[PDB]
Amino acid sequence: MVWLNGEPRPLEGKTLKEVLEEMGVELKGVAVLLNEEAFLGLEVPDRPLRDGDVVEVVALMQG
Amino acid sequence: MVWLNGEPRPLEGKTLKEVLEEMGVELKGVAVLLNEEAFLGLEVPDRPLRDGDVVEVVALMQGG
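From first to last, the protein sequence lines stand for chains A and B. The opening position of the first sequence corresponds to residue 1 in PDB author numbering, with each subsequent residue numbered one higher. The opening position of the second sequence corresponds to residue 1 in PDB author numbering, with each subsequent residue numbered one higher.
Hints listed in this document are in silico derivations from the structure and should not be mistaken for laboratory results. We treat Cβ as the ideally placed atom computed from N, Cα and C, and that holds for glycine. Keep in mind that the hints are not guaranteed to be accurate.
Said to hold, decoys possible - Quick list of in silico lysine-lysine cross-link-like pairs, DSS-like style, CA-CA up to 27 Å: (1) A:28 with B:14; (2) A:17 with B:28; (3) A:17 with A:28; (4) B:28 with B:14; (5) B:17 with B:28; (6) A:28 with A:14; (7) A:28 with B:17; (8) A:17 with B:17; (9) A:14 with B:28; (10) B:14 with A:14.
What the hints assert, rightly or not - Rough simulated footprint, nothing fancy, chain A against chain B, three-plus residues with beta-carbon under 8 Å: (11) 15–27; (12) 53–63.
As the list claims (entries may be wrong) - Examples of chain B residues toward chain A, derived with CB under 10 Å: (13) 7; (14) 31; (15) 41.
Excised from the complex, chain A in its bound form:
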């Protein structure tokens, strides 16, 4: 399974963009953690998700 925000989800094979769209996420308003990496929502990589991947989608707030 792929871990999304702390929950196991059958996401293997899907790209982050595909996943974010299925979440109804505003790309410009979030950052995405893929394992030991971070991306702005608009600049996530196209590498298909793999088993064991850990993904965290975080909303960018104003301090």
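Position chain B against the provided structure of chain A, taking the given hints into account.
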């Protein structure tokens, strides 16, 4: 405790607005189910969430 998409979270006091913004979702891109009652993202109630509330947030897809 408030159930959000099946998961328990301490969102009491927060409005749905606020929760959606903390989720970083597109208001226009989702539908929200407050206790089995459905709202378009932009037209969610403004009352603060309370213990026992069941919330479901679903992205609106294009079928076709």
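The hints, checked one at a time:
The hinted pair formed by residue 28 of chain A and residue 14 of chain B meets the criterion: a straight-line CA distance of about 23 Å does not exceed 27 Å. Note on residue 17 of chain A and residue 28 of chain B: the hinted pairing holds, with a Cα-Cα distance of about 18 Å set against a maximum of 27 Å. A C-alpha spacing of about 12 Å is found between residue 17 of chain A and residue 28 of chain A, which places the hinted pair at or below 27 Å, so the restraint holds. Straight-line distance between C-alpha atoms of residue 28 of chain B and residue 14 of chain B comes to about 20 Å, which keeps the hinted pair within the 27 Å bound.
For the hint pairing residue 17 of chain B with residue 28 of chain B, the CA-to-CA distance comes to about 12 Å; that is within 27 Å, so the pair holds. About 20 Å separates the Cα atoms of residue 28 of chain A and residue 14 of chain A, which keeps this hinted pair within 27 Å; it holds. Proposed proximity of residue 28 of chain A and residue 17 of chain B is supported: the alpha carbons are some 18 Å apart, at most 27 Å. Of the pairs offered as hints, the one joining residue 17 of chain A and residue 17 of chain B holds, with about 24 Å between alpha carbons and a cut-off of 27 Å not exceeded.
Proximity of residue 14 of chain A to residue 28 of chain B is assessed by CA-CA distance (about 24 Å); at most 27 Å being required, the pair is judged to hold. A C-alpha spacing of about 33 Å is found between residue 14 of chain B and residue 14 of chain A, which places the hinted pair above 27 Å, so the restraint is violated. Judged by the Cβ-Cβ criterion of 8 Å, the segment 15–27 of chain B is covered by chain A as claimed, because 6 of its residues qualify and three suffice. For the segment 53–63 of chain B, the proposed coverage by chain A is satisfied: 5 residues have a C-beta within less than 8 Å of a C-beta in that chain, meeting the threshold of three.
Of the supplied interface hints, the one on residue 7 of chain B holds, with its beta-carbon coming within about 7 Å of a beta-carbon of chain A, less than 10 Å. A cut of 10 Å between beta carbons decides the hint on residue 31 of chain B: the least distance to chain A is about 9 Å, and the hint holds. For residue 41 of chain B, the suggested interface contact is upheld, since its CB lies about 8 Å from the closest CB of chain A, less than 10 Å.
When held up to the earlier numbered hints, the structure conflicts with hint 10 and nothing else.
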